[PDB]
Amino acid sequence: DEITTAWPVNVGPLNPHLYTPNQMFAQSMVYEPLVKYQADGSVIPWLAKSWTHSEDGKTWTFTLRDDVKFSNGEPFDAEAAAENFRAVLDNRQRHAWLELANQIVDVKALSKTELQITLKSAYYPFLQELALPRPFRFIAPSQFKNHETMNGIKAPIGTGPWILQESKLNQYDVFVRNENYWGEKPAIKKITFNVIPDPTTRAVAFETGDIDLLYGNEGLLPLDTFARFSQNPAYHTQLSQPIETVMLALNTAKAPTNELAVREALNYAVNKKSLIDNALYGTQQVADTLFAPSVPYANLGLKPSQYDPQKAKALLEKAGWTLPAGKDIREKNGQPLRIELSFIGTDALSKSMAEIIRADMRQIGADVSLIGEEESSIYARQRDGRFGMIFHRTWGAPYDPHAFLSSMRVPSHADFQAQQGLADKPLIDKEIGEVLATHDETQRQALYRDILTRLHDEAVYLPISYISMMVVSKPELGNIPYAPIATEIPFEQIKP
């Protein structure tokens, strides 16, 4: 049994150690990690069968399976593992975004079955970052070019359950089952991805039966089409639990968003449910908090700001943003309450949301300008702190919360810049450093509670909605599971 699906672009060459144009879901189909991420925020053995612990906190010895073969029959060895780590760290600077890349001090193969990795310091998200789709997974060293991968590989030969069989630029990628896989055999023997750039066209492909499956985030197919599919009993549709937050980041370094009372009022001003019914076709849940309570360490009981334009208006009045008789926009010492909202001008969902937000904020006295620009101009805006408000999102499992929070500490970025007006920013950054290094469960939770609580209570963000993974499927395919890792698709778990 066989399936046909769609993707906007080709899968890429599937170099397991590089980024764009390689597609993450496809790298995860073919290549495998030492240890596999779990929904709760923990890991299980995978290519490594077991491992040991702290010499200092920062040396680890993995005991590897001995029955695993690459898809060409060549053997998976700790030597092959060590070769992959070397090829990756040869290109260290490219993986700097990722603290493991920085952290790792040495990788040496002690024996065919034992592999030793040493760290700079005790970095609790170690295993979860080993478990990521890239870059720490394993290609046959025979496929290195001049003893490296950083400049390309020959054939994408992994140990995983799927093999990339055939590729055609802008047309398709075909994968086949690895009949020599070390674990459970997939029930599907072939998966063909038609390259279909346009979301409507993808929807039409599913309707006509040209494709069996769509599995994806909010850009997967038009959201009104999903809603309609979901009412049609010829179709199987599903929405996962929250996987990522969409929110505004508010610039606490620039008036007027530097006022706590202004951020509080903005947090009462948006009717999130109406925005979700109207713009998102009910595909997302209301977000009351930076992180969904189902995110590791974030089940904190933080109080939501309900939709309450009355409470907003009173805050602004009290902060000196007074509503003149006969006028709709408030003013403080002669200056109209204006706020600039920056978004990427070709992103339709972002544009539609931003229009809804302008109208809701006008009802509380704030005139919101909408500035839609090309992606690159928005990225500059983030780096520079040149914005009032901006759409923003968390990063998905397994990054949240530890990675999203780590990144706030970095001066060239939107969250570091937007947070410069917070009296306690240096304390929040220090506590983030601390949480990433801590080993005690309780202290870890205590610290995240503290970090997330300050960001809630200081109204740093305006959470809007949580994205759900969307599935549209032929019923014959049955129930479709969700991968713990947000960008993976569990093709290996589909049983018609």
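Numbering follows the first chain given and starts at 1. Each form is matched to the other, and the largest set of C-alpha atoms that superpose within 1.5 Å is called the rigid core. What changes on going to the form deposited in another entry:
- Each of residue 470 and residue 295 is a member of a different rigid part in the two-part motion between the two forms.
- The interdomain rotation between the two forms, with the chain split into two rigid parts and fitted on C-alpha atoms, amounts to 18°.
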Given for the second form:
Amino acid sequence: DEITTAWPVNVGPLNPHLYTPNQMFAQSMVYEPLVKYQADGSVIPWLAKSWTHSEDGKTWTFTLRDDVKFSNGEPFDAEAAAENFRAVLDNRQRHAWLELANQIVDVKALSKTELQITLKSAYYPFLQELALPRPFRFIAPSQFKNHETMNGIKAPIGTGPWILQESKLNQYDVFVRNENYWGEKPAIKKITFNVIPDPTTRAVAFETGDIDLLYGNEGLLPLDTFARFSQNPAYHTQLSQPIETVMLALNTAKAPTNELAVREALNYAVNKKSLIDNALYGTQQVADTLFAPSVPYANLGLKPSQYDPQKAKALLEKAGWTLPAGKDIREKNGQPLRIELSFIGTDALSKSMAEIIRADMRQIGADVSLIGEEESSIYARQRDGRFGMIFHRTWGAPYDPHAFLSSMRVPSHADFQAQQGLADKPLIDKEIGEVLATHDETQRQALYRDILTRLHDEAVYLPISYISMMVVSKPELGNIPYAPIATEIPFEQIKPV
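Given the form deposited in one PDB entry above, produce the structure of the same protein in the form deposited in another entry.
Only a single chain is listed, so you will not see partners or other molecules.
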């Protein structure tokens, strides 16, 4: 029958080619890619039924499916696809994070069913990136604004299994099944998203039976509630295997995290196991490295820095950071060891984790100053480089590691900003561009090794934990599957009671 859920914000215009305020989960319900990501890291035919490969690795020819219509009824053509790529590529610099956007030289519709794509070089992540939620998915060209999407679209018309119903009230986004869908019909016919800003209200609405499912891991319900729910059979909860890392990004261009010895010492200071148990209700795993070893090209045997306050103090001592009799905070040339940790003040877990971080770090003679602020000002901080330490997370499959590394080269973003003090930073960036264009496996693995190892050994990050996808479900829904892409929600696989 029908399902109701909630989300902190509306779904946005649903422009397939743009970013915030469009919500990616909603983008992926309405729009579809050429090729679909699978959990084993492979891609299957999707809107593209088959594709050829030149010896070059530079020109690609996709045979498209011939039986697909936009929810309009307008046909999904090679022309329609070519026209989407064009609209995408006219806003090129905005997609610079995603190397594929820079890679595409031309897109040509050869025939109604044949789509030719040429790259400037043999870009190995090609298919995986075509499969992402955005920007390479397809709105009916009829809905462009002035032969463009850059500056807005008309109606959000995709080929996918769900249709966004015309908005009457900002408090609801309603999706209805596409009964003209080319592919398999969802058993569920309607999904209603309540826009509920407050975490506690979303938990109450689930408690009073107004919500069938909450699928998400960005604070969709409070974690203490999640933990209580997991102990109560009135509810069903799940955690997937971990999918992304949560860390601190240390600013290598700002004193005193500009000093390698300080970053190394901070990587020994946090009792991560205790933090997870006490702030996170035991729901995540301890992270020693930027990427979990199960991430592609990331099983590198890097050396963990365990919780070891003694080793940290020694590093600090050796670097000239000494304790004044008997003050607790180290000074170097009379200057105290003071470090700012910025985080979102309305995020109760950022705040709890910050406090524990401050306390662990005080034990090693670092005075960390807590700066909690509204979300949008933390995001400006990330872009501006205005932080000592800031929380940050990776992006999951299939972004990790190649797209997360690719975006590090991009000037106005947290990882780019955090690495600015590194002598290494131009070389790391060079090697990022090189790995992406690689087709030899030995070359590929060794370049990924070098980039990740430099980042680890230069102690750019303070990995904290690996977080999973999280589900809270009315029990009658039974076990919920996980979409292979972290930010998608598998609505189409859900079976009604």
